[PDB]
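Start from the sequences, fold in the hints, and give me the full structure.
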Amino acid sequence: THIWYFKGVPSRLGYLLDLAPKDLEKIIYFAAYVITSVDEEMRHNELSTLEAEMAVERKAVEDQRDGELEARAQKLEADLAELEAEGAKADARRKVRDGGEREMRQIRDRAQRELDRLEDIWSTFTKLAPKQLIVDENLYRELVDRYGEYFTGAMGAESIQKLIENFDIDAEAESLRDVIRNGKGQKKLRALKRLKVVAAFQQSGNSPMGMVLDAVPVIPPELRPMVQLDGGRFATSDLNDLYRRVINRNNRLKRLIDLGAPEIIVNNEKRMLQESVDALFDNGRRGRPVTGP
Amino acid sequence: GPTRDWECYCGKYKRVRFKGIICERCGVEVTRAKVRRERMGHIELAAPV
Amino acid sequence: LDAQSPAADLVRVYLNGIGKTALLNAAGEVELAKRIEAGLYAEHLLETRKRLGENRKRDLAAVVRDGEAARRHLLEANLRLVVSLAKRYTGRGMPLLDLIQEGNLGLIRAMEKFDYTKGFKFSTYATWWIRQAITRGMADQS
Amino acid sequence: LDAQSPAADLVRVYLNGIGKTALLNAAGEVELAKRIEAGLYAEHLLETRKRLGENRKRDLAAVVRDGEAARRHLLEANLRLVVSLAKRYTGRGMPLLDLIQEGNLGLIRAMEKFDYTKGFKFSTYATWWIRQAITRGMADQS
Ligand SMILES: [Zn+2]
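Protein chains in written order, with my numbering: chain A, 1 to 293; chain B, 294 to 342; chain C, 343 to 484; chain D, 485 to 626.
Source of the hints: derived by calculation from the structure; they are not laboratory data. Ideal Cβ positions, reconstructed from N, Cα and C, are used throughout, including at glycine. Certain hints may be false.
Unchecked claim - Selected chain D positions facing chain A (in silico; Cβ < 8 Å):
no., residue
1, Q488
2, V497
3, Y498
4, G501
5, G577
6, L581
7, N588
8, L589
The structure is reproduced here in structure tokens:
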């Protein structure tokens, strides 16, 4: 992505894609996934079947937790009866009873952990739509595992590219015009700004896809003159240094993807590449500027 | 429909977790007893009336 | 070679075939039948949410295989009981083989249409069904 | 909304991503690598005795999946060590990210061509390989 946009004030991407800067930067630097497209009508046809499948699975976790609770409660009751038979002091009775009660509380709370996770999964499944965000990777991992069928969501610049190219401008422009036709100044000003940006896009005759680059150019060599000192040292404009960094990192990416490796390293490496390109198009725009000497 | 609720004639799918499933062994559907109240039958005539 | 050999009793073949049985003492049978229930539920859901392409696409098939295996043992569980009850009703002219076969049919008709439903030992239910089946067999033989 | 937010350090993202690691104390790594060996042997035999139609036709595929999973964790095992060794060789002008990435490449090149062979802790071997890789990176940077 082009540093001049996801960091600019106003951030053209934020207005066009109606995303907060926090979410956009998390998406760009590979922090939190995004949901691209969802065949909502296809999910709707079996929404009842999905809910039934939910009922049976949640009843299954209910049955396992109930069995565990029954087993542990019977064990504690048997232990208390044994202690009474031995005629031990009430201190031992309360120690064992508190231990067992805390064990059962922990068991029930873990059951509740599973149940609340399941309802979170559902909630996020049913009320699911584009432009939504999932901060935690584990929950998304879970979603794609249990239901990896309907919604396809990836992380990185290509995610934004697919979202925008799949996105349409005229419909949003009409909706914003309709909102403006109404009142409610508070939201009306935001609608006005977004409509201005979208109308500029539409009138330009271009497409937003220009905000995601695949081929940066390089200026001629003379513009970045190369200088030889008494010892022939390289002390010319660092433009050569920045291009060195970008090219080197791209070649590392290519070699690594050729060799094969898990997602973590590849994603980290892509983040590093994005950082370098942002630095080259501008140093010090955001974050610590690079400093060699 | 079934005389009882969530009960196949033959007992093959008597468990609660079956809705919309017609039992091939007995050829009946599994839904609450209420559905018995809202389904009809038509007799076929051999001579118009 | 062409030396002759004695025949073998049919009952003894049955005993040899069932000697591998090992009753589970009526305790684990409930989970044994929870394997069948989950198997049938896997059956249904396999052909209801068909589109889903996932690693789970094999787990349910494994649950169906577990259900097929869980029945193959449950049926083995009760052959001693059925043979005993059959032998209890001999002496009426029928070969013990025909009665025990009929009881075997009655059992298979039973357990496959039985639910724990927080019920008692399934052995009582099997004894009842096989007894009814063998009584019907004797009555129809006349 | 259009309020601005501060950026995030790249290193902290790495720490968050690797916080899930849990070293196995060098003890279970041998079986961990026996899962990879058996996986590769499943690879070969899957495409060598192809005709066989059997229930085992899925077990070896599961062994290959176990081998794929066993590596995904083994690699996670050593990221703390590689980041430490990389940080030990800083201050020469390179961003820590480039050095740690290079060490990551060196590690993946190592362990995937390593055998226990009744060898010592694989941590020493990984440290050696990543140190050589980062030294080479620094040397070629000049
Ligand atoms: Zn039926």
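Legend entry - Enumerated hints in conflict with the structure, sorted upward: Structure breaks no hint.
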